[PDB]
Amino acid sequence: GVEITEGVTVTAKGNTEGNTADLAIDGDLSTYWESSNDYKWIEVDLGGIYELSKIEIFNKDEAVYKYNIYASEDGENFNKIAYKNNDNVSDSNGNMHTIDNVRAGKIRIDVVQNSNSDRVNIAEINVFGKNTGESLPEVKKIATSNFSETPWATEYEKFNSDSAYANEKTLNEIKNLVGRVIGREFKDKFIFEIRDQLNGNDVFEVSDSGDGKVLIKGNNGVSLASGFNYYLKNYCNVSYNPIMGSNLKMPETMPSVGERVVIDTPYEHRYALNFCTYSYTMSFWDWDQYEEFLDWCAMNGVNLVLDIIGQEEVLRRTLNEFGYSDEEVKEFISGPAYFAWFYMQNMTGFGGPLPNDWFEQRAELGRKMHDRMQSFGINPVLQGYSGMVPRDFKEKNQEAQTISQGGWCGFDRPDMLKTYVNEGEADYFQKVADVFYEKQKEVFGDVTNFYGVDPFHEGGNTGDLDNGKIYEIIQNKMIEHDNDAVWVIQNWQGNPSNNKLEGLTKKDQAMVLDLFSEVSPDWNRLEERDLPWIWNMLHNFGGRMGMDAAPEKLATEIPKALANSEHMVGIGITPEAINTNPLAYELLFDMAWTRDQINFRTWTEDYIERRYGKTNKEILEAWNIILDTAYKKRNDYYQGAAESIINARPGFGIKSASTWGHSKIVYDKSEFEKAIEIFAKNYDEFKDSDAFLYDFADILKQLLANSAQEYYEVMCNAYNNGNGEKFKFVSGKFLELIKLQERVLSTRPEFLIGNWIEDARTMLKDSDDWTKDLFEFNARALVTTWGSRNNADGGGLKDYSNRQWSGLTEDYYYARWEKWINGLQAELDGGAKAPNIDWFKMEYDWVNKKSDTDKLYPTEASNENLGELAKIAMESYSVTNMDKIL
């Protein structure tokens, strides 16, 4: 005591009809606030700062509720003070929570579970405490620096105007790169020189200096870093990949080059990144991870990179001009795990609101990146504007003309401004486009001529408008703000249609990314229309894991496309996540530096020697097996690596884990297992190579995914034939298999759920508990249910981003399979028929758990012996010995 009965108000960001926020604080148990969307929290202002001692919560019924309570004494930071996570039903007595005399002027109550409904509620909330006599300070307004006002602008302009400074900056940066990649001790073993292009092409040179140093030339930063990489790979037997395992062990003396090499690339651009990568992979990256990635990029020839960092600040400044407060902008924009589909105009709000801190920190990160990109000569692809507005845009701008875009996977798509209007109508596409392109300049300055925008990505509605005219107007508007602009357009499943593309009146100033060239190429239509285009390897969908690559097609189809075209201006990668199969990515970027087809088999032979730091007859034999099975050329249509049954929602007749995925293994399983047998045999000798360990884990987890599929088919039979004892046995072996798999995945830092989650919670500095918890929600949601019920179930996104990860496997995948198996066992044993399992309910239970109150997942890999784990896999859980195993 005492109860705070006066001066208290409340807000929410959604409610069902008649069940408003104020009903949570009206003294009446019969009236309640109820959620209508994914904002399941209310915010109570107490009319002053109180030292709280008790908080009391009533719900509308006797369901089981779970919620977290946060408080703020400064109006900015909301920190967790209480929570209910027990399985006790609500009742007429309410729930009483003791607070450790915490100072608070505001409270947030986030109800994350209701056993009875998707919708949550608070019938009453009573707060008890002692009045401090103080009031909350004013909340600082979001303010960011203008680019021209920062040291970043001075540096950017200096590099631009002063050739000697620019060259000195580039050359120092490439030396810094060497020291980051292989160690500071190797920096002074290199001499870097800028030279000209070779007949209009990017080019590098590597040769001996005459005093035991390596002299490397390049026309620019990425040419210089590519020469460095070339030297490492071809002379040092070193392989750098910061995301998927390296061999960075340098020779004792620096190897001599011998005959000087001069290597050019016929491609103007080497492209990297899908909008999706910024979500499935990069959601929670700090500068350290970005710097690392850019070093890998420059070393791999990359000079064109999609860039959406800090674009929330750009949109904020733009919408602020058209009737939106900062809070309204924050409700529009998604959370940090969803920017891919926000910027692709597919969804809004979900995972947010972002903290106020977000905007400055991210504008600064993007500025940091444009400085490094400028040094290397990497062109960022910034944002174009196509007409994306919130659904309430007309409400705030009555003369605006908009086209309703409908739903995408159960999310409301933003509206789209009519790209043109009738005479006598206000043209808000022109108004908003002008502001956007101006504000983007204000935030980042003039850093690129490349702008990406993709109207009608995976649906939408063109309304009454002409398709070609829409694309003419978007491009003309883009060129109005940058005369040299190039509109970078994604080509996905025949869209944009030929009619849309024929609307581009300046073909030179558009560039189409053929997104899926290694499985389903579609560049002929672009070539025929004289559109500049880029051949792209997609490879990875949703970050879904498994042994999968197309090295033969990369080694042959790329130079074949160069010979058979006149408008192929580059190659690149467009993966939805960068987390899988390093072979595919090294080969792809290697193919930029040849005009001739190469032998993928002998390419692989050399690749594995530098990756492992050594090779032998048996290891080569194992990789040829991988090339003959998992990496064998195929001519069908498929999206990503074949999915593991372990990761699928349990049921009968499963043929995938995700809606658009596949579980069909097109190679011989027993043959593939021979590769694991060879790796186990050579473990003790190759165990000093981390990349070897990485690859061993990759193929071994693939072995167990494959055999789980077969064991699942057997236990399905044992159930259908009514054999309860046989089902018990095979289902037991199935579960023991998953447990072995969890041990295998525990060995790699990159397979830990705990790193993904901790990165989310630590990505910004000085985050309150509210922000950490929300960002953990984003991390957990994306790799499981994706969205909430209507997104996961009706919308088809359930387990789209499924990961063969440690922690996630034990607590989520195993748990699903265990529950289904038990219900089937109970029925077989003469019990009641197996119940329907509301899978989403169980999954979203895991999604909403917090690292600080529930279970903290480790950030440290285990010491398990892959060689031994492989022997146990071969003996007890294989396809080869399946008949003996039973």
Second form
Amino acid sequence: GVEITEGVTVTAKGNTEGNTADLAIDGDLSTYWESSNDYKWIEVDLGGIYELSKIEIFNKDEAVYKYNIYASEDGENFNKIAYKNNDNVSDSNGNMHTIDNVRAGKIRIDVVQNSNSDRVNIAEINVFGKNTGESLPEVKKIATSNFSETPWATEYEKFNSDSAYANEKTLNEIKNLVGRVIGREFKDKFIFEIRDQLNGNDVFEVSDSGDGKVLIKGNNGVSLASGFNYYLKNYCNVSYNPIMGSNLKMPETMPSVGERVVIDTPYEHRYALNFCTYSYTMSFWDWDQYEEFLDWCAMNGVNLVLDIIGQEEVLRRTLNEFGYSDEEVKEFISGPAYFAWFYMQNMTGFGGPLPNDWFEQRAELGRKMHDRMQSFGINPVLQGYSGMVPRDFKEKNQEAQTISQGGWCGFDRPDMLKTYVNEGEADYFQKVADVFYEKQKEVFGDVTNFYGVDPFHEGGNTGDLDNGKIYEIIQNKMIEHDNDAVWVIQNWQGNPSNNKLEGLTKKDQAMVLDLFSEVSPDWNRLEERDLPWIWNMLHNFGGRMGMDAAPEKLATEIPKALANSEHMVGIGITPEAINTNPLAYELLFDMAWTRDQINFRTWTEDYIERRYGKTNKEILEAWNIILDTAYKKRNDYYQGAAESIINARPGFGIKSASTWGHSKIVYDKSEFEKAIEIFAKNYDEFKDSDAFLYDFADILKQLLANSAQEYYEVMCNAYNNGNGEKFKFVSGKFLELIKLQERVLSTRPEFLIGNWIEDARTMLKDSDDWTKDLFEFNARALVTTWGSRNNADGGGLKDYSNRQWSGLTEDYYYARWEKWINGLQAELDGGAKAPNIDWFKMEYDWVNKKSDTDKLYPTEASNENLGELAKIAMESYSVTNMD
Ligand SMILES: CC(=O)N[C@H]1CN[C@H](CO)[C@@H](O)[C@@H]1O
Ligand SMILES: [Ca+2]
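Previous: the form deposited without ligand NOK; requested now: the form deposited with ligand NOK bound:
Shown next: the complete complex, the earlier chain at its head.
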């Protein structure tokens, strides 16, 4: 006591009606607030700062409810003060939570589970507290800097206008890159020089200085970094991949170049990044990770990178001009794990709202990135505008004409402004596009000529509009704000259609990304229409893992397409995540520096030696087996690596874990296993190489995925055929195979869910518990259910981003299979019939757990011996000895 029984109010961000926020606080147990959407929390204001001692919660029924409670004394930071996570039913007595006399002027109650419904409810909440006679501070409004007012603008224009200073900046930066990549002690071993292009082509040179140093030339930063990487690869037996394993062991003394090389590239652009990459991989990156990525980019020849960092701030400024408060902008914008699908006009709100601190920090990080890109000569691809608006835009802007875009995977797509209207009508496309490009100037300045936007990505609705005319006006509006603008358009599954593309009246000022050139090339339509286009290796879908690459097509199809085209202005990568198969990415970027088809077999041989720091006859044969199996050329259509059955929702006739995925292994399994035998045989010799271990974990977990499939098939034959003792035995081995897999996965820092979760929880500083918990939800949801019930199930997104990850395998994948088995056993043993499992409910239970109250996943890899684990795999859990 005493009960705060006066002056209290409540807000909510959604409700079924008329089950509205205030009904949670009316002193009436028969009336209740109930959620309608994914905002499953209410905010209660206490009429002043109290020292809470108790909070009492009643629900509308007797279901099992789980919730987390947060308080704020400053009006900004909401910290967790209490929670219910036990499995007790609610009853007429309510739940009483003892508080330790915490100062609170506001409280948040986030009901994360209702065992009975997708909706949550609070019938009543009483708060018990001592009045401090204080009030909450006024919360400060979001205030960001204008680019021109910042130290960033001065630097940007100084570099821009001053050759000598720009050259000095660039050369000193490449020096810094050397120190970051191989070590500070090697910096002074290189001399870097700016030269001209080679017949209008980007170009580098590697030669001796005369006094034992390496002299590297290049027309810009990326050429210089590419020359630095050429030298390491071809003279030092060194290989750099900050994400997927390196060998950075330098020779004791710097090896001579001998004959000077001059290497040019026929491609104006080398492109990197899907919109999805920003979500599946980069959601929770800090500057350390970004800087490290741009170093790897520059070193692989990349000079065109997609960039959406801080675009939340650009849009906030845009929407503020058209009737939207900052709270409403925050409700529009998704959480930090979802920006790919938010900027692709597919989904809103989900994972949000972002903290207020978000905007300033992200604008700053993007400003930082453009400074570094400027030194290298990497063009960012900023945002274009195509008419995207919230669904309530007309409400707030009545003369506005809009087009409803329908659903995407159970999500409500944002609206789209009519790209043109009739005479006599207000043209809001022109109004919002004018503000949008203007505001993107104010945040970042004139940093780029390349702008990316993609109306009607994976659905939508063109309404009454002419398809060509839509693309004409989008481009003409873009060129109006930058006369040198190039519209970067994705080419995904035959869209945009030809007649949309024919509406582009300035062909040289668009550039189409052929997204999936290595499985499903679709550039001939673009080439015929004289559109500048880029050949891209997509490769990776959703971050889903497995041994999968197309190195032969990369080594042949790229130069072939150059020879057979006039408008191929580049090559690139469009992966949905960068987490898998480094060979694939190194070869693609290596193909920029050649006009001829190469030998993918001898390129691998060379590759593996510099990646491991050494090679032998046996390692080579193991890799040839891989080239002959998992990496063997194929001519069918498929999206990513063949999927592991371990990662699939349990059932009969499973042919995938994700909706558009595939689990059919197209190579001989016993033949692939030979690679693992050879790796285990050579483990002791090669365990000094971290990239060897990484590659060994990759093939071994592939082996167990492969054999898991066979054991799965045998065990549900056993169920179907009535036995019995058989099913139990085979299902026993299946679960044990997963426990061995889990140990294989504990070995790599990159396979740890704890790194993923912690990165999310700590990506900002000064964060409250509310924000950390919410960013953890984003991290957990993405790799599992993706959205909520209607996105996971009806929307088809269940386990789209399934990861063969430690912790996730123990507590999610293994748990599902164990239950299903447990399960069919109770049936087969004279019980049951086995009930229908509501899988989403089980998956979403894990999604909503918090690291600081439930279980904290490790950020430290284990010392398990992959050679030993491999022996156990071959002996006990293989196809070869399967029986
Ligand atoms: C849910 C998801 O990630 N969907 C992606 C499917 N593949 C397309 C091509 O990369 C993407 O545009 C979608 O966002
Ligand atoms: Ca009530």
